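Student: The lines below spell out each chain.
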Amino acid sequence: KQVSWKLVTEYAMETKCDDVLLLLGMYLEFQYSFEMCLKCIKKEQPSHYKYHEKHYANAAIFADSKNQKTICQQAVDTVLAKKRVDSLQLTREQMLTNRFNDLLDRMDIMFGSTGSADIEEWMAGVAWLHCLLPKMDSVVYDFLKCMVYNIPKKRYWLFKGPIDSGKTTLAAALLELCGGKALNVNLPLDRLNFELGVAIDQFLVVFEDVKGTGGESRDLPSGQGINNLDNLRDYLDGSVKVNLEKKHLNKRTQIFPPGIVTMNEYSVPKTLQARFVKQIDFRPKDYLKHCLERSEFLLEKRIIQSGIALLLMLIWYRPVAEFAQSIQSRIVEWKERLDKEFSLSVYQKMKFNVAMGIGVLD
Amino acid sequence: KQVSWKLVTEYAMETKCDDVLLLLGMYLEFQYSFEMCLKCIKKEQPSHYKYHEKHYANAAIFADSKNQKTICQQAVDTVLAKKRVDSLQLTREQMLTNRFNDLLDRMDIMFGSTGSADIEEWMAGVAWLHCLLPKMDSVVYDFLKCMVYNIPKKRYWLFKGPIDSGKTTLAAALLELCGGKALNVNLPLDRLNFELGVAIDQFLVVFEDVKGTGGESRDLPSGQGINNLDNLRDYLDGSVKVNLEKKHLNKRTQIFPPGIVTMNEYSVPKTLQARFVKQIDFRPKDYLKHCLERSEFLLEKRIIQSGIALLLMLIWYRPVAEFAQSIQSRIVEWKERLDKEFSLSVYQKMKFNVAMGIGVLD
Amino acid sequence: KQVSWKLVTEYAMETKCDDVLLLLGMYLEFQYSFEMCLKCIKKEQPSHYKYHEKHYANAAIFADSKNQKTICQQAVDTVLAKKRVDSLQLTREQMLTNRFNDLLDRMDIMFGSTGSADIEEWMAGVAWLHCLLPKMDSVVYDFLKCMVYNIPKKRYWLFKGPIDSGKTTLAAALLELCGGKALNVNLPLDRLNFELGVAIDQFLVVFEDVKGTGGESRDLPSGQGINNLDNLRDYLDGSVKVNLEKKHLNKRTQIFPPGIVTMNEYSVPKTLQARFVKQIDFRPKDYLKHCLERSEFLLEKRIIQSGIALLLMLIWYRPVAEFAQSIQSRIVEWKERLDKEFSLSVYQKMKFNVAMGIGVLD
Amino acid sequence: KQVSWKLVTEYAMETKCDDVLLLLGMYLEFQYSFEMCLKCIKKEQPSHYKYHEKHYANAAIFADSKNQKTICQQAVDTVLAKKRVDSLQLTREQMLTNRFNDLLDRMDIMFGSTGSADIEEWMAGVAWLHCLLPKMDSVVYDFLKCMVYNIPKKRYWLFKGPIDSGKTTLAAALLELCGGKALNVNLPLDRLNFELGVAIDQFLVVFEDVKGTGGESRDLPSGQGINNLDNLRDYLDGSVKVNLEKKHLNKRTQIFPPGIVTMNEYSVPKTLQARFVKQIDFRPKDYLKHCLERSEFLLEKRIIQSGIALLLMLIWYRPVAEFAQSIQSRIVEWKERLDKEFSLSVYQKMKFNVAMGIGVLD
Amino acid sequence: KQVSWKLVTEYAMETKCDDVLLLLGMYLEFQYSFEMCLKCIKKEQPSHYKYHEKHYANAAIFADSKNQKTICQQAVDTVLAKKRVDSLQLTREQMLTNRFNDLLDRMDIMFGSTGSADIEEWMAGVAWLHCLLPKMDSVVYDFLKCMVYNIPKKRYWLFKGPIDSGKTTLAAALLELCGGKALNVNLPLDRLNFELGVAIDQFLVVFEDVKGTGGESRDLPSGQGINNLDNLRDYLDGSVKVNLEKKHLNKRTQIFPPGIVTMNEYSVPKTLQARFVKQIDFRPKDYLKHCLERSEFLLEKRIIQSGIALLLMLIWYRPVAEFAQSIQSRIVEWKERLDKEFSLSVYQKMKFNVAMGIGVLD
DNA sequence: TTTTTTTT
Ligand SMILES: Nc1ncnc2c1ncn2[C@@H]1O[C@H](COP(=O)(O)OP(=O)(O)OP(=O)(O)O)[C@@H](O)[C@H]1O
Ligand SMILES: Nc1ncnc2c1ncn2[C@@H]1O[C@H](COP(=O)(O)OP(=O)(O)OP(=O)(O)O)[C@@H](O)[C@H]1O
Ligand SMILES: Nc1ncnc2c1ncn2[C@@H]1O[C@H](COP(=O)(O)OP(=O)(O)OP(=O)(O)O)[C@@H](O)[C@H]1O
Ligand SMILES: Nc1ncnc2c1ncn2[C@@H]1O[C@H](COP(=O)(O)OP(=O)(O)OP(=O)(O)O)[C@@H](O)[C@H]1O
Ligand SMILES: Nc1ncnc2c1ncn2[C@@H]1O[C@H](COP(=O)(O)OP(=O)(O)OP(=O)(O)O)[C@@H](O)[C@H]1O
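Chains as they are written, first to last, in the entry's author numbering: chain D, 266 to 627; chain C, 266 to 627; chain E, 266 to 627; chain F, 266 to 627; chain A, 266 to 627.
Be careful, since some hints might not be right.
Copies of the same chain look alike in the list, so a pair counts if it works inside one copy or between any two.
Each computed DSS-like pair below joins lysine-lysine, with the alpha-carbon atoms no more than 27 Å apart [unchecked claim]: (1) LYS308 <-> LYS319; (2) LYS616 <-> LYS605; (3) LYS425 <-> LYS446; (4) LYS614 <-> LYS554; (5) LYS331 <-> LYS271; (6) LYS550 <-> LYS476; (7) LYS476 <-> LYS418; (8) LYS347 <-> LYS304; (9) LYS543 <-> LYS476; (10) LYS347 <-> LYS516; (11) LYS566 <-> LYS554; (12) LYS554 <-> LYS418; (13) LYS304 <-> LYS271; (14) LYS418 <-> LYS400.
Derived from the structure by calculation, the hints contain no laboratory data.
All chains should be built: construct the whole structure from the sequences, respecting the hints.
Tutor: Spelled out as structure tokens, the structure:
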């Protein structure tokens with residue numbers, strides 16, 4: 266009998282795998298009898314144990330094929346093709362709705378019975394982040410809607426304040442939530458053309474730590490990047506399409522994606538100040554620092570970095586109506602979980618602890 | 266049975282598709298039983314719902330093929346082959362006529378039953394455009410004739426004015442109208458080689474915001490652009506063929522397309538000035554700004570960037586006689602539709618509101 | 266009859282071989298009659314004499330094959346696929362356990378019947394290393410655990426001391442034990458970006474011989490290393506992912522590995538100082554250089570640079586329960602072997618010889 | 266009836282051919298009958314006439330094949346695979362053993378029954394070489410052992426001497442004997458890195474007359490060598506692995522091979538002095554040049570840069586016991602020829618003619 | 266029935282054709298019936314008419330095959346393979362002897378019944394060129410032998426003089442006579458580094474206007490000749506071999522070919538001067554110009570550029586015994602046919618017309 | 001494999 270290339274393509278679709286070697290390696294594991302597969306028995310990896318029993322029969326025949334890499338390439342192409350279609354057709358709401366479904370699937374596993382994570386420790390993260398800025402949950406919801414509508418000029422946000430004020434911590438969580446890339450515009454003017462190539466097909470971008478100049482009078486080290494951004498007007502305004510370049514590839518034309526800019530207290534030209542919708546000032550606070558000392562599991566597990574943390578904040582704080590209609594059904598079930606898991610006094614007491622600078626838990 | 270490679274080629278032809286991945290993805294959509302196809306039922310994409318029912322049977326057999334990417338490669342080459350045949354055998358007038366027929370097809374959707382656009386909003390955009398320069402519609406018509414005739418050493422128009430005077434706005438609409446590419450000349454002398462490669466087989470090009478030198482007397486930056494263009498004379502002149510380059514690919518040879526140059530008020534070599542046919546000055550105007558502040562749905566929907574808007578302006582203003590004979594029938598039909606939906610007084614009222622800096626739609 | 270590709274795939278897996286030529290060459294050796302095979306009789310290479318008999322028949326048929334290289338390419342892909350899967354799914358603690366099993370296999374060879382090394386000479390190396398810093402074994406155990414947990418901010422160790430004070434030596438041994446790469450960051454600021462591409466998918470890095478500035482007052486030749494690091498805080502803190510560049514390749518995004526920093530006695534910014542978990546001071550000591558000078562077989566055999574010496578040290582000093590569960594069996598066997606091969610007085614004397622600076626062995 | 270691919274593969278192993286074109290060209294010769302093959306009859310080339318009569322029938326069918334280069338590519342892969350195996354499994358002593366057998370095999374034909382050379386000619390070369398520097402054979406034997414043992418630090422000798430000292434001429438013959446390369450450290454230190462990858466996999470290496478980087482102080486043109494090697498220590502001392510690079514290619518790590526520094530008499534830093542076991546400084550000598558001027562034969566056959574002469578120098582002087590154990594028989598089997606045919610007085614006569622600068626032969 | 270690939274391969278060997286497009290073009294001509302072939306009847310090209318009848322049958326079937334370029338590729342490889350076998354194995358004299366046979370076979374045709382040129386005009390060319398410098402035939406005989414023996418240092422000669430010195434005229438004729446290749450030395454070296462790959466497998470190479478600062482006294486620009494060659498002294502010496510570039514094929518290790526350098530009478534370093542074991546100075550004379558002016562077929566038919574003219578000159582002047590041995594029957598055959606047709610007095614009077622600047626004919 | 005990117 267013969268290999269079903271179809272069953273491989275279904276697995277590649279369902280795992281969303283798009284490295285040929287990873288696809289190859291995964292599929293080969295299934296050739297042993299799932300009935301005794303230790304990975305199955307220990308429930309170690311969903312992409313294995315959910316699928317081993319189904320694909321076992323075909324994996325055995327695949328193991329005898331002489332065409333193995335060809336089968337994988339065709340499968341992987343199917344996954345890549347689906348992404349091209351989606352990018353050229355989905356609405357930005359649907360894109361975001363997909364991204365949330367992916368995160369919610371991880372949370373189902375992660376706070377599942379097999380899952381490692383402690384929902385309490387992750388809720389401690391939410392209390393800390395909600396403390397980082399006034400009206401934090403509203404600020405997130407505003408940012409998200411701004412990215413979805415992607416209204417020209419009204420597109421870009423500025424994070425400003427001294428080193429160790431958490432701005433990159435928040436940027437990373439947002440970037441994890443939406444998907445996107447960091448970029449570094451401090452380069453000399455030539456290499457920028459490949460930097461910007463990273464933006465190709467992304468949903469967000471984040472500009473790291475753009476060094477101004479003259480602020481070294483206040484110990485802020487001088488750099489080029491502010492002048493470069495001052496010269497990247499159309500990329501920021503997003504009004505017309507632009508051409509983007511990768512190594513060994515011909516240029517590609519699209520609307521440059523929206524995003525975030527982060528900096529120390531350099532002085533900003535009014536030309537550039539005009540382009541940001543919103544400036545958010547970050548400032549350091551001792552009680553957060555003292556709390557972190559006592560609450561170190563937050564850092565150890567990277568909780569405060571994680572888009573998973575922000576999604577819990579949204580689920581906790583914001584009305585069911587605000588979420589895209591299809592996932593509202595899942596959202597209700599998560600609100601129901603959290604309501605069972607915490608009384609509001611539990612949550613409030615945590616926030617109080619953080620404000621005291623005491624360890625979050627008591 | 267076997268896959269019909271012919272039917273796939275037909276689908277590629279009729280969608281004018283020329284990405285192998287997009288084609289593959291699209292064709293695989295059809296493999297599911299047509300009758301339940303939610304994309305069909307919700308009438309989401311004509312590129313799908315027109316074709317699914319027809320292609321379904323062959324799509325199922327295609328889904329089993331071990332050879333899928335080779336089948337798609339042949340179809341994509343057929344679409345590319347037709348483009349090259351046409352590029353070597355059409356008149357410049359015919360090319361523009363075909364391009365216009367395409368925009369007119371897109372307009373059927375925008376204002377059709379699916380009707381996602383509002384024709385009143387898009388007609389508001391035309392009012393703002395007809396304010397941007399004296400005799401705007403006459404200027405557009407003169408440029409179109411210039412591009413069709415393609416008279417050697419009389420092929421290029423110069424736009425200059427302050428920043429925020431409107432240059433790239435108007436270039437963007439002309440470029441969508443005719444089809445073409447933007448190019449950046451502010452580069453080191455090596456990178457120009459691959460950069461100018463982009464012009465291959467295009468109808469227009471636009472050289473974007475060419476930087477001069479000594480412009481700091483006007484608080485401009487300075488850069489390569491002007492001294493660099495002063496070398497590239499024969500590309501402007503278009504009297505003789507030239508040899509054009511792509512990455513990993515051999516030099517093509519053709520006449521370099523006609524086009525537009527944009528800049529701020531750098532001072533220009535009189536030699537380069539003599540190579541331009543026509544210079545158009547742009548100036549900021551307060552009432553356009555105040556009108557825009559009160560009319561921002563123009564920006565939000567990119568109306569004033571869009572080639573559809575320039576086509577609508579021509580249909581409103583120009584005699585049917587000026588249109589190429591084949592499309593005069595469609596032009597007459599669109600004129601009747603516009604005359605039905607708008608009085609002159611309504612259009613006059615809009616234009617008067619713009620002159621007063623009011624929101625257009627009172 | 267026909268070639269079994271499966272048998273070649275097994276050999277490639279069992280030998281963990283990932284060069285197509287290395288694989289091809291060795292498999293061809295099996296075609297000659299194993300029953301006489303001088304390599305087998307002289308028990309020279311395990312990867313041969315363990316396998317020759319088993320694979321013999323298939324190797325003979327493979328010797329006739331008309332497509333040999335395609336077989337070997339498929340086999341090598343299978344080995345590479347296993348690495349990709351493991352890279353993405355193992356815990357760091359399992360990676361180290363695997364890294365240990367590999368070395369224990371090679372030790373079973375070195376000190377086995379083939380006897381190509383003397384365990385007593387290697388134990389001399391252990392004693393000399395143990396005297397290089399107080400509580401050396403506890404120091405090494407702490408270092409390994411630190412790399413295994415990879416707790417953010419708590420990630421980097423600093424080695425200071427005069428030249429020829431062993432800091433390179435110990436780093437080399439640790440790197441041989443764990444796997445990883447060195448890096449040089451005394452470069453100018455631009456080319457650092459390609460340098461840091463080295464770290465992609467490594468377990469450790471060593472920033473080797475960072476030049477400071479102004480140390481040249483103590484004849485420490487000055488350079489940009491220190492100031493480059495003081496920019497790189499985000500990579501060191503390890504709290505969020507970063508983008509790494511390779512030549513002719515796209516960026517790739519990951520957590521930046523933990524590592525070690527070595528320098529002569531330059532000054533440090535307090536900012537940089539705060540990023541280190543622990544500082545270790547190296548001082549040159551006369552009895553060590555004199556003992557080396559009278560025990561030079563150590564150097565000649567490159568013993569003291571070798572991770573095998575570190576593994577022997579851990580086994581000698583540290584409890585079985587402290588090792589990962591699976592390998593505790595091999596640990597027990599090796600303890601028993603070493604205990605039988607060395608009474609304490611032997612080791613005590615060897616240490617005391619080092620203490621006297623005389624040749625270790627007298 | 267069909268081409269045996271195996272017979273072609275044997276011939277490739279037999280010849281050790283590793284160029285697909287050479288293999289193809291030669292094997293096609295065998296299609297004519299060996300019975301009148303004039304190359305066979307005139308005994309022109311062994312790699313033909315030794316094999317034609319065996320391979321004849323297969324070569325006829327080979328000449329009718331349609332796949333000819335495909336057969337030959339597989340055969341070249343076999344020989345390259347063989348090298349890859351040996352290059353990784355053996356140690357330096359067996360490598361040298363095989364290396365000597367190769368040159369001994371050649372001498373066993375050059376002075377063989379063809380008479381196509383007379384060893385007498387080479388003995389004049391041997392005399393000139395033994396006059397070149399004292400105790401010459403022992404200096405070679407010491408260097409050979411030194412480069413075999415590759416003991417750390419003790420890895421480099423410095424040649425020194427002005428133009429026409431012969432230091433290049435010597436290094437050439439040693440590289441002929443060993444295999445290895447020379448390297449231009451006087452390259453500018455940023456580009457220099459892309460040459461260092463030449464050292465990959467090399468048994469032995471040489472540094473080309475390392476220029477004082479302020480060397481023109483001695484009226485010797487300056488170059489980066491001494492600046493670089495003042496710094497780049499353990500590439501020479503070979504204690505630990507270091508990393509090396511090529512243009513458009515990856516880095517690779519190795520122990521940097523042992524070798525020879527050469528210099529014209531530039532200023533040398535103490536760092537760079539410490540690298541050397543030996544710092545042999547030597548002169549152009551007048552009778553030597555006058556000898557060659559009267560002993561032109563030695564240059565006419567390039568003898569004084571051929572390692573074949575060094576092998577003969579060792580064969581004459583060195584005891585049989587000093588050589589690799591099995592080939593000691595071949596050492597006897599040469600000493601029989603030399604010590605028969607040339608008296609030590611005849612040998613001393615040649616050395617004396619050299620010492621007098623007289624034409625070596627009378 | 267089917268194409269004989271063997272018969273095609275014979276034609277490629279017969280023609281010594283080694284371009285796959287040329288070969289394909291050639292063979293397809295034969296598909297028409299040779300019996301009426303105009304080219305045959307016209308006796309237009311020997312490469313055709315000698316072969317059309319023989320190959321017609323096979324060409325007819327070749328014309329229908331669906332893989333014609335595969336046949337031609339294998340055939341072309343057979344020709345390239347033959348060259349590689351000869352390249353390594355032949356004596357330099359034997360190579361030169363083959364080259365002469367080829368030229369003599371053309372002279373059979375040129376002065377044959379085809380009679381497409383007259384040895385009258387060519388002998389006028391001989392007479393003209395025998396004026397270019399004293400005893401020209403004898404000077405060439407030295408250059409040939411210097412090249413055949415290829416003795417180290419004794420491998421390069423320098424032509425010197427003004428412009429219009431004929432030095433390129435002489436270089437051209439020698440390169441044709443040998444079948445060498447050409448190179449320009451005067452580049453900034455890292456361009457030339459890859460270009461030098463051309464030198465692979467060549468009997469001879471030549472360098473045009475080896476120049477430098479030694480002519481900027483006369484304000485003639487410093488081409489990097491004198492810059493490069495004092496470094497590249499080894500390549501002129503030819504004492505030792507080196508590795509050389511190609512696209513696609515592996516780098517090839519060879520000695521450099523011996524060759525020629527030329528200059529427009531710049532200075533030379535004495536270090537470099539030593540490599541020009543001859544140097545010869547050339548200066549214009551007006552009567553030679555007037556002769557050309559009155560003998561213009563000398564230039565129009567390129568006679569005075571052509572190696573054929575040198576071969577004619579050597580046949581006239583040199584003794585039969587001075588040639589390579591086996592061709593001397595052909596040497597005698599042409600020496601007869603020459604003096605059979607020319608009295609010395611006519612040849613001498615031709616030379617006297619040249620010396621007078623009279624048109625050679627009478 | 002080159003090429004474009006590296007490399008400069
Ligand atoms: N608001 C805050 N007040 C005090 N400490 C803070 C605050 N935010 C962050 N921290 C501390 O600073 C550390 C680093 O935070 P983060 O990386 O986000 O700072 P940053 O100022 O945005 O950095 P950078 O500008 O270098 O990207 C945190 O791990 C935490 O210990
Ligand atoms: N003539 C104008 N008067 C007032 N506002 C204008 C005018 N033209 C453009 N604007 C405003 O400025 C924005 C920028 O327009 P655009 O980017 O085309 O102008 P530009 O700065 O002159 O062009 P470019 O970037 O090509 O040099 C417009 O979107 C509109 O909001
Ligand atoms: N503690 C020590 N006391 C004396 N000699 C030492 C000591 N440690 C190392 N050595 C000697 O120094 C040599 C070099 O060691 P190593 O490279 O590890 O030193 P280092 O301090 O890291 O030097 P550098 O920074 O100059 O590379 C060793 O091979 C040994 O000969
Ligand atoms: N000891 C010697 N006595 C006399 N002549 C010598 C001696 N050694 C070399 N020569 C002459 O010098 C020529 C160049 O030799 P070689 O390249 O080996 O010298 P080198 O000292 O390495 O020079 P450089 O520093 O210029 O590279 C030889 O071909 C030979 O003619
Ligand atoms: N001996 C000569 N007397 C007079 N004119 C000569 C002589 N030799 C050559 N010429 C003239 O010089 C012209 C060019 O010759 P050639 O190219 O060989 O010169 P060249 O010195 O090598 O030149 P360049 O340095 O420019 O390449 C010839 O066509 C001829 O007209």
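Student: A separate judgement is required for each hint: does it hold in the structure or not?
Tutor: Okay, the hints, checked on the actual structure:
| no. | hint | result |
| --- | --- | --- |
| 1 | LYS308 <-> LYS319 | within (15 Å within a copy, 35 Å between copies) |
| 2 | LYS616 <-> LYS605 | within (18 Å within a copy, 58 Å between copies) |
| 3 | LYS425 <-> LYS446 | within (18 Å within a copy, 36 Å between copies) |
| 4 | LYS614 <-> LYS554 | within (18 Å within a copy, 51 Å between copies) |
| 5 | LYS331 <-> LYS271 | both (17 Å within a copy, 9 Å between copies) |
| 6 | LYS550 <-> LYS476 | within (23 Å within a copy, 34 Å between copies) |
| 7 | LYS476 <-> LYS418 | both (20 Å within a copy, 24 Å between copies) |
| 8 | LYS347 <-> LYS304 | between (30 Å within a copy, 15 Å between copies) |
| 9 | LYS543 <-> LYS476 | within (17 Å within a copy, 31 Å between copies) |
| 10 | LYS347 <-> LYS516 | both (19 Å within a copy, 20 Å between copies) |
| 11 | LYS566 <-> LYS554 | within (16 Å within a copy, 44 Å between copies) |
| 12 | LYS554 <-> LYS418 | between (36 Å within a copy, 14 Å between copies) |
| 13 | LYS304 <-> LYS271 | both (24 Å within a copy, 23 Å between copies) |
| 14 | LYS418 <-> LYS400 | within (24 Å within a copy, 29 Å between copies) |
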